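Coming up is one lone chain in structure tokens, specifically the form deposited without the partner chain.
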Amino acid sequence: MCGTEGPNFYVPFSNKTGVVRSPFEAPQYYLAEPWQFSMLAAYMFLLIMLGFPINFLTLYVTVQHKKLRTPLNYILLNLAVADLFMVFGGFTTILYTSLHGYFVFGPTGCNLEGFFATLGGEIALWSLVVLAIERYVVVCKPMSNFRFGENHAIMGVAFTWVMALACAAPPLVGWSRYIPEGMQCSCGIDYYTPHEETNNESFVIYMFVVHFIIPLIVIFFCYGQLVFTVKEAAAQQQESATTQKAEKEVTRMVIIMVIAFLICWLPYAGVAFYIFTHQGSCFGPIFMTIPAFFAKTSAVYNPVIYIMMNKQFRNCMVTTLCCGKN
């Protein structure tokens, strides 16, 4: 018997020596050394110092440069807003709790932090799904006499917030729950404890199918097609060096986007899967931190990939940072 249970928590450490405490009430220095808690705090400090400016710039530069305010770009603004929910709801809270060594804000703060952080990563997740749908439509043109505009972009944004509420809301009201994870300083969905009163088993199956498998299939299909169309069109135009280079660029970027999506979400999905099919196994606190490390760090690498590497935004940002010149 692997940990210690409580009304709203599961500490991943045995209480045979009697030292375990509520992660809402006292430090967890028997799970991990104080310096490891400090390193958690350092890592959140890094993600704030990099994630805040990068995502805030994205919004600010868009306010200063008319060329960026196209409808295809609305979902990338949405991505930056989501990243900021993670920065201000998640990372700042965890910086604070890590340096106490436990979730000092108690079970209500655990629901708050877990909600805003989960909502953030989920809006981001679906933003990358919708962007792939939007680009597939625009390029592969699978419905004739259709022109992607403002209206559709608004719907895409609204859809991400609905899908994210469908993940983040139910654990506030009975289906799964928010409890402290890993080192017990951040809160997330209880995806690893069988907890029949809240129906954790069904919620994890729903999450895995609807919020991981569906996303992954939609992304592979949409970008799979997009690459096919672009490569077919370029083979029909080998006289153009331009078209050939654009085809190489599009293909490389699609590979990077798809790999980035897997890096971000496969660890949560794989760990959840392994735990679901190996219910007689202990999982320690550092191990349970790894999925979060991969997901949370996307609040930096997603805007680098989707925004910073796009040359329109990059010019405007330099201009904005250099007070109006270049």
Contents of the next structure:
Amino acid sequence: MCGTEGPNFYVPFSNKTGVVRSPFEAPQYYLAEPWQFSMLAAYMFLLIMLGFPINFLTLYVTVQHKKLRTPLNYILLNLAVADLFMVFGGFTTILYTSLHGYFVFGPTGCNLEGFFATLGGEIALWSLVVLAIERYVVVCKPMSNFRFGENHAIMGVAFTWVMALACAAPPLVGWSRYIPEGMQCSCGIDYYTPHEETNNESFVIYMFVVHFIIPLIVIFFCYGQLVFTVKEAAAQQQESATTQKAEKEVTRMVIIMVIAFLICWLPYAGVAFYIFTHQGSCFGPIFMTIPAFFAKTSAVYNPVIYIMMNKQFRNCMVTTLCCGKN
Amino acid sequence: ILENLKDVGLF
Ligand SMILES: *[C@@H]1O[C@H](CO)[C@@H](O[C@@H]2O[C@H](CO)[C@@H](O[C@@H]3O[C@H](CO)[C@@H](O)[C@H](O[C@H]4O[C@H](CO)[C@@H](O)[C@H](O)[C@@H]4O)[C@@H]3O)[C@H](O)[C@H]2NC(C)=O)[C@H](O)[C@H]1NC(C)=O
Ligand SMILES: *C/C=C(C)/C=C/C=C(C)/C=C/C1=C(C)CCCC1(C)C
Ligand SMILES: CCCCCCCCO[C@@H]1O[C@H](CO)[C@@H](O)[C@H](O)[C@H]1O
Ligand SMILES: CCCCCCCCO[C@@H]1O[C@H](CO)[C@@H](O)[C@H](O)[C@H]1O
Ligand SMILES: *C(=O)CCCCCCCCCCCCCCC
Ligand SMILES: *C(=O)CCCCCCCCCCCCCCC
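Alt. form solved in complex with the partner chain, vs. the form deposited without the partner chain above:
Below is the entire complex, every chain and molecule, led by the chain shown above.
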């Protein structure tokens, strides 16, 4: 007896005092103080203020700099577009609802805001996967006479959209569902309530396997090889101070990308799993917010790592930001 | 192999 159920929701607070209300109808100020709703709003404001420029700039700069429009870059643009689905679909909606203390757009809105927020986060997720595959293919050259070209870059992108629909679409049609999470001001996949009529049980397994484990293995293998290949080359060419530099830079970047990926998705996977294997336990609203703070913040830090720390994009940005010059 | 590192945004 841990929260309060209704048709399309689960409030993380006991209704023994009779106070719990539908998070689609009235403020949840018994889950958390109003000032904490305001801080939730402050955080979405920060994520918009940083995330929209960074990710918008990335697209804009691509329009202005011919040199950025290569095929290896398409998946990076795809990332920024996904970050923007999270900014406009998620963060802005949540700012709004946080400041009412509840999910004012009701169940339909809850599906929308959940679908678009989840799609974005997943396209970003798979974009980070597809990137590592493409790099591995290009650098470890696991196939002779293969040249990475536009037509491939396009499949790479489309594959991110297919996989992301494979996660976000089903809860619109019976396999899992969208409901308000945490402070009930935003909506995501129901991965914590066992809800037999939608088979949450098995969805969360499908998610855990297909959308965390596969990604994690593909990223680790691809970049493990990359680091192997480059360390090999440099050992076999110690007369090139450049090549030694390259090896170091590549390796630091891999550690960053790998740690970054974990910071973003490990908490959601950690929590899903702890809950799945501690089904008789009580998880409050702020604890269900932690996984989300990590994932959503990636709409800022991923493009810092993948775009701003890429020498080409960076110079183009600085040029475009200095009116034409530098 | 640095050509491919440059291409891929890693060097
Ligand atoms: C958390 O717990 C609270 C307390 O149980 C709960 O709130 C209650 O919901 C019921 C309805 O499902 C409310 O009932 C209404 O009372 C008022 C009069 O003050 C009337 O407008 C309504 O009367 C009609 O309905 C009755 C049948 O339910 C008939 O007997 C009657 O003839 C009329 O048809 C209705 O009784 C009740 O007032 C609230 N109580 C409080 C404190 O809000 C809340 O729903 C629970 N939370 C969740 C999320 O479910
Ligand atoms: C704003 C909230 C968002 C972006 C929430 C998105 C949540 C996911 C894409 C979560 C996926 C996972 C599970 C639901 C459980 C297993 C681990 C994941 C990461 C695959
Ligand atoms: C940056 C976007 C601004 C969003 C404006 C949020 C308006 C919140 O609206 C408030 O909601 C209360 C429920 O808690 C209502 O009782 C009040 O009508 C109202 O002051
Ligand atoms: C999934 C990809 C795993 C990352 C491989 C990390 C390789 C660890 O290797 C170490 O990395 C250091 C940091 O540059 C080097 O300075 C060390 O000498 C090197 O051996
Ligand atoms: C010409 O190239 C002009 C360069 C300046 C462009 C404006 C940069 C905006 C910086 C926003 C503040 C972010 C710094 C945060 C560090 C904690
Ligand atoms: C050419 O067209 C533009 C050159 C402009 C120079 C950059 C001026 C620096 C301003 C930094 C802005 C920080 C904003 C803080 C917002 C909260």
